[PDB]
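On to chain A.
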Amino acid sequence: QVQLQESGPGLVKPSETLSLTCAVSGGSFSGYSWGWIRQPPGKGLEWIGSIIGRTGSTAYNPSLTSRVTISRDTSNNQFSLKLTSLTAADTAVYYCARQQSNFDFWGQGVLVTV
Partner candidate 1 sequence: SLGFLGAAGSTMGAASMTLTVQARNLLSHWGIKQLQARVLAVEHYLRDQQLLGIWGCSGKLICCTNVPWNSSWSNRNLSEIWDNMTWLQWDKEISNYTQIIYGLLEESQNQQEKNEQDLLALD
Partner candidate 2 sequence: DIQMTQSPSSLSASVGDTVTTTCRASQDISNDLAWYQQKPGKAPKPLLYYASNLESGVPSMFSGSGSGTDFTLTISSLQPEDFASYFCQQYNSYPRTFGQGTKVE
Partner candidate 3 sequence: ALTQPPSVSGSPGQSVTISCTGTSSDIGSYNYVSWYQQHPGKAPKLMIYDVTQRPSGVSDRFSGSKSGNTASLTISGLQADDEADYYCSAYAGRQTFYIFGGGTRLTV
Partner candidate 4 sequence: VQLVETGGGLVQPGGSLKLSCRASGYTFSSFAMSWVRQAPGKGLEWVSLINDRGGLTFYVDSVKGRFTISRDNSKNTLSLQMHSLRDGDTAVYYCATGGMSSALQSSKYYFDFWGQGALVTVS
C-alpha cells in the first residue's frame, strides 16, 4: 500500500520555475520508475517525464525537454520536478506516480496555476 504526496506550492503567473517534491511511503525506489503526469483543466493526461530509482537516469517528453529537470534522493524517499519559463499553458494538475510498466500508484494531484 504505496502512497504518494505531491506537496506543490502556488506559483507566480507570468514567469517562474515550478518545483514539486513528491514524498513516497509504503515502499521504496530501487525497483521502480518514478514520474510526473500533467492534466490541464478540461484536457486529458500527458506525460512529463520519469526517473529510474536505482540508477537516477531520466527520460522526458520531447515537447518540453529544454525546460524540465527530474531528480531524486532516496535518502528522504523523495523525487521532484523542476520546470522553467512557466507561461499560462503550464496551468495544470500535476500528479506524482509510480511506474512498473503501468502506473500503479498515483498521488493527489496538485493544481498549480500559471
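Keep in mind how these were chosen: all candidates are chains of the complex that A comes from, given by their letters.
One rule holds in what follows: contacts are C-beta pairs under 8 Å (C-beta built on N, C-alpha and C of every residue); 3 or more make two chains touch, one makes a residue touch a chain; residues count from 1.
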Selected neighbour of chain A [touch, this complex] from 1, 2, 3 or 4: 2
Residues of chain A defined as touching candidate 2 within the complex: 43-47, 59, 61-62, 95, 97, 101-104, 106-109
